[PDB]
Amino acid sequence: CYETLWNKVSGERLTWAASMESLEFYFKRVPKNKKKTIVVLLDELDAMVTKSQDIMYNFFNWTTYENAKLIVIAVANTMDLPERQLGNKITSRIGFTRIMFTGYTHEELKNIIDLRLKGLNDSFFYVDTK
Amino acid sequence: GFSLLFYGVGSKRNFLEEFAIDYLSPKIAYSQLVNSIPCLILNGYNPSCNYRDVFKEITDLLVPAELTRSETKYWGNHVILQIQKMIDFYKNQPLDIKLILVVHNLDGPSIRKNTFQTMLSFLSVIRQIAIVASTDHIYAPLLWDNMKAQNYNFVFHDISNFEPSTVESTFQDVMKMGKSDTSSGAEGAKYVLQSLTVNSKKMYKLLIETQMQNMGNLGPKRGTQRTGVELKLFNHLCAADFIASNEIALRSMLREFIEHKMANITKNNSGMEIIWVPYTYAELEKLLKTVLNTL
Amino acid sequence: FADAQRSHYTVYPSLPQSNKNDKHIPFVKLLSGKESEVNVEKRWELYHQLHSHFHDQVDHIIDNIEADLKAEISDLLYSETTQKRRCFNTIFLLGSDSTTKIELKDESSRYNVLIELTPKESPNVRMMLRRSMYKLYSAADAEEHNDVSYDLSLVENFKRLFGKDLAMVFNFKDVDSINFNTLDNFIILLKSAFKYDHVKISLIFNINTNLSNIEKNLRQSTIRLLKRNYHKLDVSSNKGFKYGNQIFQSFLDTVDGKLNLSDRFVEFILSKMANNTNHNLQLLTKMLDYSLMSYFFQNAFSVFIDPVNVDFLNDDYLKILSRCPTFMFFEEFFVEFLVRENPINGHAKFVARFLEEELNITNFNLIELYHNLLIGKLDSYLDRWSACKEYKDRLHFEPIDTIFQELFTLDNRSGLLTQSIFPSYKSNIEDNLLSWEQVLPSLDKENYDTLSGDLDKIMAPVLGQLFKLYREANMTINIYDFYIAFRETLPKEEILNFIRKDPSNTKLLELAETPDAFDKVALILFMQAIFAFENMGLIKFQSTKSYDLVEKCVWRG
DNA sequence: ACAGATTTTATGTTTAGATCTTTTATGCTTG
DNA sequence: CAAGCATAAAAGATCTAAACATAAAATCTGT
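Protein chains in written order, with PDB author numbering: chain A, 524 to 653; chain B, 311 to 343, 355 to 539, 544 to 620; chain C, 15 to 159, 179 to 363, 389 to 615.
No lab work stands behind these hints, which were simulated from the structure alone.
For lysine-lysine, the following PhoX-like pairs were computed, each having C-alpha atoms within a straight-line distance of at most 25 Å:
#1 B/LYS406 / B/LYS419
#2 B/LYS500 / C/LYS484
#3 C/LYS565 / B/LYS511
#4 B/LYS419 / C/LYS319
#5 C/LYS603 / B/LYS546
#6 B/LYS469 / C/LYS305
#7 B/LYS592 / B/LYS526
#8 C/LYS206 / B/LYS406
#9 C/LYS484 / B/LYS469
#10 B/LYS469 / C/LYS206
#11 C/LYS56 / B/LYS337
#12 C/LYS149 / B/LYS394
#13 A/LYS612 / B/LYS523
#14 B/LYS337 / C/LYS37
#15 A/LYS612 / B/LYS546
#16 B/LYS611 / B/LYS500
#17 B/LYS611 / A/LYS612
#18 B/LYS412 / C/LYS84
#19 B/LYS434 / C/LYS206
#20 B/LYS434 / B/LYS406
#21 C/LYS603 / B/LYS611
#22 C/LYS149 / B/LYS406
#23 B/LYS434 / C/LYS598
#24 C/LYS115 / B/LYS412
#25 C/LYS265 / C/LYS98
Input sequences plus hints: build the corresponding full structure.
Written out as structure tokens, the structure reads:
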């Protein structure tokens, strides 16, 4: 996931270590005058951390730098993934907005289904028996 | 060509060191002829003594020839094969000693295992090095077979002076009489870290705490590589705490810990550097709460 | 840092710039440092020349042994076997140390590949096979100057690959150590390589104990397969007694009549030789060399071995030698009874040669014969064969008639020889520990100057004092009662007085006023001593969750 | 400055060493 | 004494980290 980001922000192809150092140097030393903001959607962060505990730290630390203009939108299943994985001190020294999603109620799911069939419910169709 | 052994009650560490460093080396240097003969002294009472590092020192000092690809054999141990090649090479060199390998407490915790004993057995056949050793255990001669006794070619000598062995008891606890975690080696780490440096203690505390966090994320287990801390992660954490500014200072001050086996640095399968402490989680917590936590 | 806390740290000492011409010599001036330096130098050079003379012959004998065994095994390997190519010939080397370079003869049409396998390099069958095939491929390619997978099919394709026949010889270095399940499976696997009619296999088993263990462990079918061609070959340094005799004769000639062997010394040689068979010749060489170097070291008269320096006798030499018991019982007087060479060595060599040429007796120990001749019961050793009855008339030997042999002899009367090569390790430890009086010297000249001139004499060292009670203790010992007894054996007021004797320290005197200061310093000493015992293995501890009991491991004597 | 020499990332392959878990060889213990 | 009861240690499942190993792409070195 490192090199992909680099390959999507730099057009070059680098290995994972070189991508790590390149992204860190681009998020740390390049002045804000000559950079364009990046929005990263770290979908399924659960699979990224595993034994490494490296991806998540790098991505939640690259947003701490003032030079870096990065809006990391991480998404996961377990609400307590950061505080467990990084530790209370690190998850406190990094201020990130936490959002929790609750499963839809019956009314909400009925509304979703009804909205997805607004154009077909109680409709007239011409059908040929042939 | 007689490797020499000292056995008896009391600590022979001071006596044997006095013999080898002050008397043996200058005298053999004078007789060979200038510089004194190097003296590799090997502390066997330390449970952190490793045979890989000992042979690394011996090959850094003596500098033997490398072994050819054919001589490597199919996955065979490189240390023993290199030693046998050294024996073959040294069977023709002039018979003048180029190193004395002092072995304190030859029957200690991490020095009595068969691998390092086999290494020393093959190493002592080399006439150009002198193997002076000391033993303490009563059943110490149980460690040597017929072949190992032949290769050692010992000449036992009795030294008994009832010395109190202050240095030997340092590496293990005495309040619990040493009955528990005798070969852990954490007590020596506590002793060496008690008064080392404030910044080194602080960064060691950071590393220990990160390792405990990783263990919790992952029963008392050893601190293996899978749970250790990444070098880049550690540098970032230290920079966030104004401990080590850059790579150079951190590596320079960490080499001291690496050489004393309080920590180890390896490379993961993906190539990421990892630094870890090989102590048990309970031992790590005790070390944190007894010396680290007092600041 | 603390260097004592390190491990395997090299140290380069700073040698002093002060030096002399020839002060650098291990030999020291004997007779209270009265002998001249020229005598010491002459002793050093004669020792070196004699050591070289002995070890040259020892090396020649060793090389002869290696060459003879290699030639014999190579001859037995081929032996012009007419057996059909349906089984592999096996050679069981009975009691062979795994130190030999089995040479395979070069054949124009057949590669001869020696594949050596060891228990460390054979965890299981697949690794046995992979290592064997790698060695085969490497040796074949080196001889012959794409890749092939490491499996038995490399043997199948060998004739096609290299256009030559194959002969693989498997040398199992330590066949006793390998778990015989994997060895049996590997042999059964090798059995599958007989469908090719261009490959011949030869197995060599370096057995150490006997064939009884091989029969017991190996499967019956494998033994049946091996039995088709096996050759029990007994190769060993201790078999036949024909090699220890050569080394002993070499030593006897390198001392000639210049030196004499004491009866008790050769008895000790025989006793220590009888207690070891796997490695015998090397132990004998070590014992002889150590005795020789010790004799040249702690004997002052070794400088006078050759006649040329007999005139170099001084007043101190004659004064010391005047107390010789042989002289009491009995320059120019000494030489006329010194240059007389001992005929014992020549007679022994003649007897050995006479019996080994035409008397058709070979199984005899020249060391045993020499010891018996030294005692003087040569008939009791020559009558066992019951064949030299008509030759005993000319084999009679005139009894021992020699004088001044105390000064030129090889013996162990001070016990250094037995306590430096085969010491009573545990017994020595217990003898030193029980009677500490003879280990730590007792001094009273400077007891006034020392700070503890009244406490050193009264009491005993802590570790030995604890060992006294430990020996007088029971099999299982409660720690509390042991400490109670140790403290009761400890004097009370003297410890406190010793504590008060130091005014420099302040924490010690602060703790001194505490009423149980003695009761806790004694406890500290007890923990130190019990830790030292645990380190030395004298005592052991039971389940650490209880830790209230200990067991004695080693008993005295 | 162009091909060789060295390095960097990226596995595969055996050996040496670890802890968990299950079973069962040790003690503790009345007559 | 055996059963009961307890803890303990052997035998092995399950696994990892290290030593030993090869290889293709990109970097660093001399003419």
